[PDB]
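One chain comes next, on its own, written as structure tokens: the form deposited in one PDB entry.
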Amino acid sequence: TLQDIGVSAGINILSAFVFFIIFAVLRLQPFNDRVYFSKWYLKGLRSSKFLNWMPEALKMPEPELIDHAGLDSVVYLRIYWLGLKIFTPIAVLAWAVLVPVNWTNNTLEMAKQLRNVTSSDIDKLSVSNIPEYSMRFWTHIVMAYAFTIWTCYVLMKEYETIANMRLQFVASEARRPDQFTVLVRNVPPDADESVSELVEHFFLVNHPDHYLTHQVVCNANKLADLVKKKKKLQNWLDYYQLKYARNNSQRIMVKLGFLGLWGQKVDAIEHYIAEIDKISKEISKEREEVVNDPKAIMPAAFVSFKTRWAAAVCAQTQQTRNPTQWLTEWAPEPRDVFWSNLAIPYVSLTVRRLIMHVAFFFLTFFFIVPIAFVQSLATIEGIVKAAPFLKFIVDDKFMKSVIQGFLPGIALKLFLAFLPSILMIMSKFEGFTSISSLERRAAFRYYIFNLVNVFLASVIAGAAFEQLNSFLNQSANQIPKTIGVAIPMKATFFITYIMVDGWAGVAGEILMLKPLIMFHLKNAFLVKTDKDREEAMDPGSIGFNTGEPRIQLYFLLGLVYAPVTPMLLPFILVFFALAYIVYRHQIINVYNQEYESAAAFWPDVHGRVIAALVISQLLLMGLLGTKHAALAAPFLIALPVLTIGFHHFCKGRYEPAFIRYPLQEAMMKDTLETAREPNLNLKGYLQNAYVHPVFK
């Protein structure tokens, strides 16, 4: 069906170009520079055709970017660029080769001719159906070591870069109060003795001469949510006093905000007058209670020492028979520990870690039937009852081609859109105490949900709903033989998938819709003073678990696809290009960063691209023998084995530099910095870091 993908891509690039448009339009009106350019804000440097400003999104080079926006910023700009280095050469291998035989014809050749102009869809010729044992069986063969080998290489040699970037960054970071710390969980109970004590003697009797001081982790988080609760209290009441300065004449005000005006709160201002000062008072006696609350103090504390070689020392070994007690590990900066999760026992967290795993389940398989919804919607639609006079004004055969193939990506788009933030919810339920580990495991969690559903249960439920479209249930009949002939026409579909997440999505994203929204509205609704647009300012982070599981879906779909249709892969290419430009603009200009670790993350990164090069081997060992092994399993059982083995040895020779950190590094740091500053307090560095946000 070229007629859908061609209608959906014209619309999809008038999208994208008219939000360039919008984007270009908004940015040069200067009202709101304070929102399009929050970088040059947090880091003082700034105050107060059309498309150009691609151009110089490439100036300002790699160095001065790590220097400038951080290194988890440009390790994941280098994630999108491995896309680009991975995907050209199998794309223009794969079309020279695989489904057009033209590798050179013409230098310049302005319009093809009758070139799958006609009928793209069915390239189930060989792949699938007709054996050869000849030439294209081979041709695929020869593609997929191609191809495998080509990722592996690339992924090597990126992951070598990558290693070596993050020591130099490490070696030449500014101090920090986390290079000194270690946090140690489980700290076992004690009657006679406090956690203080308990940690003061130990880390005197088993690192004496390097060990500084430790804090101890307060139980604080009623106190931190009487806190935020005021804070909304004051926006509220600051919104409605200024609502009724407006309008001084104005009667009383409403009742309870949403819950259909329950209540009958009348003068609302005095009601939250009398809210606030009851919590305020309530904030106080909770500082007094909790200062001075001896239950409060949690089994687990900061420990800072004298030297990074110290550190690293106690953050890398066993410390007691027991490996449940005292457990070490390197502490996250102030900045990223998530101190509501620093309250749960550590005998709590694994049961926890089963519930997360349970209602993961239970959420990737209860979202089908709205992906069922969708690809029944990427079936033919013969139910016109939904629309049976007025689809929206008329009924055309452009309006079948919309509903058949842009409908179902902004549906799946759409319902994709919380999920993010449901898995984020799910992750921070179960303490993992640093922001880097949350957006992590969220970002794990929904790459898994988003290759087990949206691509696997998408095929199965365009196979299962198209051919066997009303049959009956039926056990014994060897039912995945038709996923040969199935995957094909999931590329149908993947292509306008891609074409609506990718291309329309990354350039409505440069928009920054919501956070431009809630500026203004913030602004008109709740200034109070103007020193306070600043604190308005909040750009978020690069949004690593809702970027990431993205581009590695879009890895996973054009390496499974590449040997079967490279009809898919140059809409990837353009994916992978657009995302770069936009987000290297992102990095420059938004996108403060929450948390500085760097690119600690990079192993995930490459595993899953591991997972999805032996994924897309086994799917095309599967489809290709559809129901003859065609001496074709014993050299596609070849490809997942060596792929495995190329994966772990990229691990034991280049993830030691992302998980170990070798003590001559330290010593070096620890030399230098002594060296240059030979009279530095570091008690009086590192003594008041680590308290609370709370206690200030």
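Numbering follows the first chain given and starts at 1. If you superpose the two forms and keep the largest set of C-alpha atoms that fall within 1.5 Å, you have the rigid core. First, how it differs from the form deposited in another entry.
- Only one of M110, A524, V205, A191 has its C-alpha shifted by 2 Å or more between these two forms once the core is superposed, and that residue is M110.
- In the core-superposed comparison between these two forms, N235 has its Cα shifted by less than 2 Å.
- A displacement of less than 2 angstroms separates the C-alpha positions of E594 between these two forms, with the rigid core held in common.
- Relative to the superposed core, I162 undergoes a C-alpha shift smaller than 2 Å between these two forms.
Please give the corresponding structure for the form deposited in another entry, as opposed to the form deposited in one PDB entry shown earlier.
All you get below is the one chain by itself.
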């Protein structure tokens, strides 16, 4: 009810203020400049009331921000702004029109008098309030068309602006050695010639006058694992030496701290010294073997040309008679390629794709179960017909509203908090050879997941657990009506879920608890010997993976509920306006960027918004049609066609700026480079990149 939303708003605003106060206090501390200003030491420009950080984070213009942080960060900020642009006028129009319309009714009370268990006043501002009638449903349909038109226009304008930004950025970039290089990965085996000889012959004969050099990928996964283990064991050793120096009384370091009660054979500094020497010997032996092994060379290569023109030509064109051989794609940066998945033969790729599709389905089901549970939480208020657990409900009227709002949101947030990592593991199990593609794949998976589970499963479970009494004894001809009327109650639930997750999670994100705590532990109980802890800044990326599917889900909710129940929108607007400021400040100060794709993900964002638009229209059509309307279905079937047509137009006219490289731009860039730097030696600058850093 409205009181539930009000108390949840009060508690979450208090939580946000507390978070901001804590953040200000921590930021003023001088021994924390190392953490809250990470992209000032990594960039190398620094060494060492309470809302004032908000207006000043808005001072740096985008022209300077693009050079400061990158392009992906600025395009992410533009997603947050796109939310405001789409939804503020839809919010204004939908409120000022539908709120007068849905309020003016009296017959629902008699309809709710029979056995309905709906709320009192929060559903009054929704479609379910009114019965079937001409003028009002006509206004709803007109509003649906207007909402789609405005959303599509804004998507078109923003998609043009992002295309211009990408094309202007790429053409004035640095000289990263990913512009001259493509990743040829299916090199067919041959008996009398090795991989390197085949790549040399093929790319010297069938692509001549422009081939400079090539590097073949090596399966050094074992060496990388050994190096990682040695590093971790050195961390343990250094921590234990610090422990010994702090308390030089006893060397008791028994390892009884793992499962199975194991950990005998007391494990002082000597054991790690011996283990470090052993692992170093094994590392040296393995490095020698892998350098001197033929089977360690996978069928793939990193071929580099003399001009970006030739590289674009080789990347955009099929290379041989067989479309599953000599596959060429734009090579990622050296600091981008996910080296661990370059050892996957190009059959296990599809095998793993199928396997992890199956895994995703099973995950979807096994998390439907907790969606059912969380909807059986405090939204269970209507179940009181049986009343076998009235004990906690009857304890108080106040906290019952407090539980009613807060607990479902926290339960769902905690339940899905560790899902982004599961999806990242799933994404990099099937192999993508670039952190950028891994992040985009995981974002797509998390979008599918939260769409299905969160939206559909939460709506279905909430209907089945609230209107349960209203169809327990009824017939099969009443189920559709219940499904039609159930949506606004899940609207009042999504109000609290958005409130908690969006507002509180964003405030917590700016507070930056995890990196701060990790830095202090790694600073106190770890090395603390010299100025060589600059590796302790690990602020991570913007986290496209964890952050973009969330805003896509918020787009989906805001579009679905804008005509159906235009009270969801103001909370969405507040979330966008707050997340934009917070994430802009974090882009400016914290948050290094691991990879630079130059806004290559915006096709995915636009496609997801279009899909959310189509879903919104289809549910509106189903709702109105189930609501005993006649002309609703003929009208709301044109919109899922006009939207697909407009998306196809945008695809055809603006997506090429994102998915393929114009040759004229390549030649212009090459000409400018050659004119400015005449004595540049490409081969020297270019041969030693792509060498799988463990080989150094």
